[PDB]
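Before I ask anything, let me first share the structure, which is written out below as structure tokens.
One protein chain omitted, others in place.
Order of writing sets the chain letters: A, B and C. Residues in each chain are counted from 1.
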């Protein structure tokens, strides 16, 4: 995502995720609360039940922030600015959680986009979810 | 680095070392092959014996590359470019090893500069190094 | 390591549909392409230049298939994990000197390949159980590594 092929594999990718950004963001978060129990902690005020109206709606804002990043690969630092404040300075989210979430996000795309989720696309999508997680924790820099 | 306070605090602290750049460079390497065995594997052709000739000579280039980075904190990418190629594309060093050497480098300054190694300066130098490492491992992008 | 009836039973049921040959290669192939530093331990396989060629590589499919068969061993031995792999740990920490964390990476690539292969059936329920077997396998391999 700091190359030409990625930017191309990223934008090319999300193109296929299209209007499901929300759904997946949601499911990814489910896959994360279920698979990685310790991440529940940052969300007590949320109803982590399946189909919860909260998770669904938060899955949406996540789905969004990602569509914004895909449209600004040139300047992730400036675009995802305020989001960096919120997780690092404010919420003080542990950096490990980000890997776990990018993992659960890729599993989700795997489920809904097998033929589109190539190994070539799988890789750029990893540097991306990584270029992202780093701009959002950089208040520890 | 990455911020005023943080590039300040890292250049006073590195000037307190001045002449010992490569000396510490070597000890840090020793501290690393001994405490983190799996890292020896990248150096068969080197005589890892204590106070070796190769190690101290290499300790020097490491010291040097670190000194040529505080003086270019604004553009880590430029400065350390050919150093990315060598580690990521050629040698293909696992990114974990960069943490281990950064740890071993921090233990070295601490041993040699106890009164200058306060917690804040300790924090800044964790920025310097982490941001260093994330440039030599960048070809993985 | 310590699942539960409804889980162990669910794990095994699915495995029965897992193609050790077809899933191992993809798994192993998606490791070398996403975490390119992993190629350093496979220089005996020839051309791992680009994505297309790694996946079509015979020693990447052949070995992948050994990896997954070894996972099968663990999936049918969730009690003797530290044992079932004791003599595989030594192999990676001594003769090979692989880093423990590369085990957690592989296991995650593996989970995503299942995802891709079973889709909706690989429910966030089941993947949860899966992240625990992987949890344990990647763990039973670095037993001796400190």
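Just so it is clear, a contact is a pair of C-beta atoms (placed from the backbone, for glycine too) under 8 Å apart; a residue touches a chain by one contact, two chains touch by 3 or more.
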item: In the full complex, displayed partners of the excluded chain; value: A, B, C
item: Of A:15, A:41 or A:49, the residue in touch with the unshown chain; value: A:41
item: Contact residue for the chain not shown (choose from B:35, B:71 or B:77); value: B:35
item: Residue in contact with the excluded chain [from A:71, A:77 or A:95]; value: A:95
item: Interface with the unshown chain - residue positions in subunit C; value: 1, 132, 135-136, 139, 146
item: Residue ranges of subunit A at the interface with the undisplayed chain; value: 37-38, 40-41, 88, 92-97, 140
item: For subunit B, residues in touch with the removed chain; value: 27, 30-31, 34-36, 103, 106-108, 110-112, 114, 117-120, 122-123, 126
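Here is the rule we go by: only the chains that are shown with their structure count from here on.
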item: Subunit B and subunit C: spacing of chain centres that average the CA atoms, whole Å; value: 33
item: Intercentroid distance (Cα basis), subunit C paired with subunit A, Å; value: 24
item: Two or more partner chains touched - positions in subunit B; value: 140
item: Of all residues in subunit C, the ones touching two or more other chains; value: none
